[PDB]
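Presented below, as structure tokens, is a lone chain in the form solved without the ligand.
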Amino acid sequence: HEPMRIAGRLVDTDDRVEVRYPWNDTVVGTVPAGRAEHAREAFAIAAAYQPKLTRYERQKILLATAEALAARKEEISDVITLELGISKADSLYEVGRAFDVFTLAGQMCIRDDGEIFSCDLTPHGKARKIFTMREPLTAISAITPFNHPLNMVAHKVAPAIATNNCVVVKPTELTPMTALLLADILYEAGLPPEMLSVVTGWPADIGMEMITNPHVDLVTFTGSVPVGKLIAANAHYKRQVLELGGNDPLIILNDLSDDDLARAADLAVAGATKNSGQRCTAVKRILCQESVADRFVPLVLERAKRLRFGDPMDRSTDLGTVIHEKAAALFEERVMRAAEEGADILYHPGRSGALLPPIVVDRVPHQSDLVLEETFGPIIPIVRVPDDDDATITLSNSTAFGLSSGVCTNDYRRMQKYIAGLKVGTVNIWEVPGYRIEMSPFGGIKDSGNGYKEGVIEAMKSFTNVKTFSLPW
């Protein structure tokens, strides 16, 4: 039972949004069905407040938050698992990521990336210097998805704090409780309350206000392509940082030894199945060159069978549920359909509500919905691709997405060919597409994002205006 947090105040409403635990579809919490007026108030407070925190004070708040996350991780991951349905293993891991986000944002506070230009450069030159500096925006709108109820909020809120911005968060109504808890932690860690609000409600009531409120200088959104494209249409003349899906490959080249195939298999399974496969950067396509497929697939199969799927609150569970039963149903459907198109299902112990096992499918036609569309579940789909890198690259690039990628090979020449040729934001050699540090530049192209980078450092830049000034010299 959680009210909204509007600049530190608990704000309630009559109507409720029920939050259900996807494992057994029971109500585990309720939050307000907030309305435009609530967001509107949150933004007015945000706009009127001018943060004056020193970099030291910002760092203290961010580092205090990091410890609170560590200290309370069991509690916080319980909340995550209860609304999202991912295993405690995955949700404990999420708290670790959020711990990194706050720690790195805290540490980046001592950093000033100002520049200096000399002006006596051309025939038009002058004896003068130009200096750079950053300033915060009026207010920032953050809209977050169900997949990382904690880490997604952390990524949007920590850089805002670090830069003396005021942010208003609207988490998805599917997983709003983690956000509300994070706000409480932040207020306790000493954040001036005006710097953060978390509002909840139905998209038809409060969603549009997040996009159109006149005080909002920047909308930062992570979510689906259709909602993303909608936002891009409706947030006129506001800066927008849009992080949409991925359809990311793990590419297995034919130079690999059997030992290496086994490591690549480890990556494939982990990358496909972590967070119940609910990552923009999950392995959604395992592109295996024909030559090595017969050796590779059995290794994948063997690993997929070891995974324990079931009760997410059980600490020995590897793989919990996906967000809900109809997502699970849709994913299994895409599997069945691939099979009818010629795919070979190797492992499928059966779906149970929102609980999908780590289904292994081989010889997936790469046109088939399963892999052409983004499939946001723990499917392990192997697409057999030619023993030709140009063909492999063209195939890898043939979807509407372009976020991240993983390539397993020991041949440098081929490595750099893929690095140069994949149309994506990130190419990871010998790691899953999902691999990054919380502060490296993160973002996709094509349908994966509108082309701006995120991660702690780029978010901090993104959340400021550069002001220049020049002095006689």
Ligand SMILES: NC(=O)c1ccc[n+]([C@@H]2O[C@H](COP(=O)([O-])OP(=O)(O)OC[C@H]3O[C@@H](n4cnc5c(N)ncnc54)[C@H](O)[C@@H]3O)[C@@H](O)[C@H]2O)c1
The other form holds:
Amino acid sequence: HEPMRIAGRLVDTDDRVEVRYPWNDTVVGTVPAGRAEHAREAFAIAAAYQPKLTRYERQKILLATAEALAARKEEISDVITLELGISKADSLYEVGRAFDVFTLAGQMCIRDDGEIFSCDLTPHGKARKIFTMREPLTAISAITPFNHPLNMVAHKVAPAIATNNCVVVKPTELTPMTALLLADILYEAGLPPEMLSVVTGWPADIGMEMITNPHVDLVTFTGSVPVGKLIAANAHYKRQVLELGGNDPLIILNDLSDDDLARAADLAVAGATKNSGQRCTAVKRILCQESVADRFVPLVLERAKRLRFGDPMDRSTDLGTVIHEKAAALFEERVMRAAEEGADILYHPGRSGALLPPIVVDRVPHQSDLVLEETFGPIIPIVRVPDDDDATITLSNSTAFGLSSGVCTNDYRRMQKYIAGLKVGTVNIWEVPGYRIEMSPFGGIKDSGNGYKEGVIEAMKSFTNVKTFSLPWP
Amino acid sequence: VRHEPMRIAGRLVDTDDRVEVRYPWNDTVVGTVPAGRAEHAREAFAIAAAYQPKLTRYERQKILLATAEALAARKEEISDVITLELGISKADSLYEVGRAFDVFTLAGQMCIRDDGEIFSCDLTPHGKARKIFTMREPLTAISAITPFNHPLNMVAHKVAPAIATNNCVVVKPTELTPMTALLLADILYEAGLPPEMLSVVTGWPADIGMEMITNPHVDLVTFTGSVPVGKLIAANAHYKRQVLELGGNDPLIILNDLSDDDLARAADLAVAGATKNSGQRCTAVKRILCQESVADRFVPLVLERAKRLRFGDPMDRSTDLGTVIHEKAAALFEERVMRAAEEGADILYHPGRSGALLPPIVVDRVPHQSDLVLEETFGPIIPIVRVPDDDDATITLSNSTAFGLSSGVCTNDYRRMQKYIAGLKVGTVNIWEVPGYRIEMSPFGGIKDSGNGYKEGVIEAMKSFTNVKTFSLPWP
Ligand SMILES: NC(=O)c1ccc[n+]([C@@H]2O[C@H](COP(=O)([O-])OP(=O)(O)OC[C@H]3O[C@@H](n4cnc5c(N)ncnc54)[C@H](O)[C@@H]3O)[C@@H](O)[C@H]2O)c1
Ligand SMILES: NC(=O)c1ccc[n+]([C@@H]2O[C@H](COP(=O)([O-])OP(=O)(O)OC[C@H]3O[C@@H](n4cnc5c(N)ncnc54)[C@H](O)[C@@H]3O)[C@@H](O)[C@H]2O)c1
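Alternate state requested, the form solved in complex with the ligand (shown: the form solved without the ligand):
Below is the entire complex, every chain and molecule, led by the chain shown above.
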């Protein structure tokens, strides 16, 4: 049992949200069923506190947080694993990522991107200089999804501390214990408590206050398309950064050697299954050009069968469960349905509740639910595509989504064609769509996002207002 | 009376119903444009969406600089069109052609610039021998909605950076001053712009306005205008990027360290800033916050300078100050001055209004809560608010409205400049200049009710009109 953390204070309610372990379906935790008034309190505090931390101070707090994450890595990945169900291997890696996010935000504190303009540029010119500076906002509202219960929170909070913002986080009711623990880490690392609250409860009770509270200057939301478009229909006059679903391809081009196909098959299986497939930039469609597929698909199958799927707490498990059994059952149905439409299931040892094996299916029609909709689980679906780049680019672009992509090829002419032609936020050559560093620009277009970039650097910019000032300069 | 059609991707499109355009000097019809409907906007957006510009950076620069040169060659004709539908003086409308020339020149020059970035990826334990590179691509279509106060320059600020960036833009200028936008579309097509890159549609906001906000092809809405209309658009442009630049109510602050020569200089700034373009700038001086102990010396200098302004027929070359937008606007601002006087203000100079022609009224001892200075009063009123000889109290009063766009601070004391720069809740603090001072390429935009927090000006508009795409390559 864990209360809300409202500016450093433990806050409770009579009602409870239960948090269950997807492996077991047992209750492993409880948090408050928070209401509009808790968020309201959290925001009034955030609005009123004016952080004074120097850049050195902010850096100390962020670097001390990284060290605490490293020192408590097993404890934290256990909490992640117990609410989300992903393997210890995946949750320990997630802690590694959060350690990088805090570390980099800490180091970004020394950087000042101020610019200077001279004003004698036109016949209207003046002997004057204009300078820019950045300042924090009144309050930030962050709403996070279940797939990285630690790292999504780190990406929203670390840039807020680094720019002297006060943030209120509402993690998902599915995986809220990890955010609450991060809050405690932060306060113990020296964060002035009014800079961070973590509130919890049902989306119908507390969700809308996160979107409409008068003090909020910026709402930063990561989650599903429908919830994203709902928020977009309601945050009247606030900035919103909405980072929504992905459905991302790994594209295998026909110039590859057999050895290259093995390396591509390594990227395919890892891309489709890491974090149980629960990444917005997971490989969700492997688009394999006809003339190499016969060679490529048996290499994928061989690698998928090595994956050990089972008890998430076992350090030798590769693949843990998905978020719940309902999601599992749904991805299984999409497979079974793609198979009625002509797909060829090549490996499916059987679902067990929320535990899905890394099912391999070949000849997936591009228009079936499995690959046209976002399938947020460890399916490894191969879609055979024509030996023609334009048709391949057309088909890759034919869903509602556009976040990231991976292309494997050695021919530079074709690399550049895919780079220019895919309608996505990122094109990775010879990497999975999931590849990024914590500070490069990250965000999609089309239904994958409203068009703002994130990652530590862009989030820091997003979280401030630029003020200019000009001075006589004779 | 000039009757003009819409410009839809180069085609001249008329409707039978007309929007009459009146000259505020004598209230007569000088023009008509079409009462366009949702389907005109819808057609324009379908063309914009389907056209993929292929212009090289060189060809964009040629078009943009040819457009600058045609604004210069035709400045008389263009400033006549502006004055006839807005009523600002020829002096002010000629100035506005000069600014649009700078906007187009600067955008053409910015086409050579590539702000791409490179990241090495072997930074952490999760490393990789790899580089990430960034590049920018255009949007599907941009919707631009523009206000009456700069009928050319506001269209230029929205259109030039779209062209520089291979975007296609649909403009709906205000129904009060649409003729200037249509002339600029002509000039652009004739400077070599592929016509599918620009449409100008016209009509009543009840007919065509919602289509500009909600059309399925529009990636970004760029709107400049009043707070309430801006809040409506914000609320209706679901899942679109929005650049919303709304009202200002900007202070010029006179600090008590200034000598009596410095006060004469500050008075030049107050009078120019309060009255330029008939006071119709979102960054006009609309509140002169003068610290009490210098106010008795500063006010007479303001008074002397205000009485030098010639106000009259805007087409007369001897006019400095022409009309405001219409008679109703002019009456409202006079009525706010009369209300301020009943609540304690002192009207020092008021030669009388006639119709939409408001003289540069000087009022002292204006209460800071009165409507004149608390609300945005978009006319050539010169209102002095006496404030305490204390910087904390001054800053608090300056920050006490719903607005936060620009500001100006007159002082010689560095410590006090820095305190105002850091303490004023605004987008810009100009030291020893009017709030309205900027170059066409520095970041422009306000906070609070003054803007949804995105910057404009040529450089920032170019960035907001693109998507950044990243790519990464093996780099062993
Ligand atoms: N950066 C990205 O683009 C990115 C990264 C990771 C995940 N995702 C997307 O996240 C999705 C999975 O996450 P999820 O299932 O938690 O998504 P979700 O959209 O169901 O919920 C995400 C968050 O929104 C909150 N929420 C739900 N209803 C709400 C309401 N009415 N008002 C306010 N808040 C509300 C939830 O409580 C949760 O905190 C996938 O589609 C994935 O692609 C995107
Ligand atoms: N950068 C800035 O912040 C900036 C610069 C200059 C002017 N302004 C502001 O503009 C205002 C003066 O201009 P205005 O009177 O033309 O403002 P306005 O808000 O009345 O109209 C501006 C535009 O919005 C359109 N519009 C009106 N109703 C609409 C609707 N329902 N749907 C869609 N579009 C609609 C108008 O037709 C016009 O094109 C002042 O408040 C001034 O400060 C702001």
